[PDB]
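Next up: a single chain in structure tokens, the form solved without ligand 6NT.
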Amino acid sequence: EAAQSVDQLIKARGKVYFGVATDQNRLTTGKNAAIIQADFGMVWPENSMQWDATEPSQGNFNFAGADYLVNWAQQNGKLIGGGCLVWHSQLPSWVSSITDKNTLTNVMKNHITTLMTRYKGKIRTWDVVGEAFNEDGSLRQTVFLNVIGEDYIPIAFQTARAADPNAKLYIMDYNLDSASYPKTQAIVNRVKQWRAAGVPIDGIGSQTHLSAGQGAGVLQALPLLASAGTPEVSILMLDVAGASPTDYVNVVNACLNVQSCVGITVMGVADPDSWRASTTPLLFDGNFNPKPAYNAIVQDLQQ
């Protein structure tokens, strides 16, 4: 990695990684691979480890895309993140149609154990449960909550811990960017209770899809998230409408201010590949050149 890469510079400040989400298609097009090799220390799969990619029909697993990402990361000395193991948004129809509690519990356990066992020892962080909370802090009414009940979250983490004790297990959600927002306060209290009951939640991953100007509020929200007492917290899938250096520097400084925040992962590399490309929210432009926000992060990390 470059000496002045954001990953090398955030390591020198005591953190673990500066990461990025990617997948096979990106790694063979443009300059994505060259930038990841030089500038980032951890890679995450955008879609290749989601449920509809890995188990499109029950017990008929497909790992071709995820294997590609894992192999590439190992050949290039990058840490690997994985997920999401339990998430309502990318579910095959055969899962969402299950109505029996014992059936769905076993299907969920098998999905978790099969993915984690395949990459046992190679994955630093697994997103086990994603987007479980409504905006008011109540639990989102997914098929898992409807059929298994709220015990599905404890069961998921206990199953994951048993499959690979080397991985850090995370719950993840979005709109945890304001200290006064109900979802931010609700998840802290719920995670405290689960850990008090012995559930092995190692971390909270904050998605951090920001509108312009919302970076300032992370300075207070991230300390709040860390007050839940998990071993780790992180910023995940970071992007910012407008990509103002002020917002990006604020998010980095929040990470630096929180001892338990281990790193930051951005949603992608180049603006045109973003889901909201018209807001140019990433750190590299269409020609794969660093944007002012990138140079501002580098400068903030140097001194």
Second form
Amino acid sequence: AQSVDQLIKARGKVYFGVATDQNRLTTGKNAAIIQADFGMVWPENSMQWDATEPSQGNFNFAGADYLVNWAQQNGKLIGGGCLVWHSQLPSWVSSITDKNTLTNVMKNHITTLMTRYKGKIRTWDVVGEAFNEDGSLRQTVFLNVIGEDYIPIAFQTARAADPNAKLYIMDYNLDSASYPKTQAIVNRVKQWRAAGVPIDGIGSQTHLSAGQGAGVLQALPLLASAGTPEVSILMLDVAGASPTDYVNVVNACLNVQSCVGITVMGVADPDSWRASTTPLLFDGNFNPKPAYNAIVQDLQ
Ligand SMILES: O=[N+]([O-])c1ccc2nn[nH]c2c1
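Okay, that one was the form solved without ligand 6NT. Can I see the form deposited with ligand 6NT bound too?
What follows is the whole complex; the chain from before opens it.
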């Protein structure tokens, strides 16, 4: 019944974290497990663009406010995001075709969310899923209308709104060192940072199939070679939840000096987006699964 967050702090890392929101914190044993075992919380949905600005200039913070207040009262660090992510856009954003108009909408969205929680958020995921699988930039509304400067603009705008935040770019399928996407994000982040773009971290959205944990041992050092101050594992779940896959991911974290922590996608299996693959660390009784105990043994 040991706390993985307490144990990973003992190994010199910052946090073992989890995604949650108001609808989980108010039912079952989610809050008790988060209180005991995790040191950082993220809003699964309540800070996404469609949740917070469902119509232009009309903001909804009730869910995000609840999460931030709960975390502060319970001694937890807070991550927020995603500020710019095409798959969470409300419909009104995608029909804007003017560069100046979309730039202003994007900056206003960033600045409004970050100002409301200024000083309270350790990490912001500023841009997500900006890359195609071949390493090219994904042709989203932001790329199509603003161009590739939208990423520099988003990060500079975020730094100005809350300079004490750690600003991350995140993506998925960065789990293999030989995959073109993994190399591409490293090379682009190096170029952006040399030009003064304030990218503090790369966050790897780590949705794994069985047996893919071993690859992260080589991919994570490659991500860290971009020279960002931090890297992190985000949104972690593993089909089958095998102890071997989870332990390999934890050990990749421990092996990479700049990796500050790990965030898992959720608490209990039935609430996973792929519950049929039983991919989390607690079962539907809110009891720890073998993978949880394997992490504990590994961290000791
Ligand atoms: O790590 N996460 O579980 C997580 C969840 C939702 C997010 N939105 N932006 N970044 C996120 C990270």
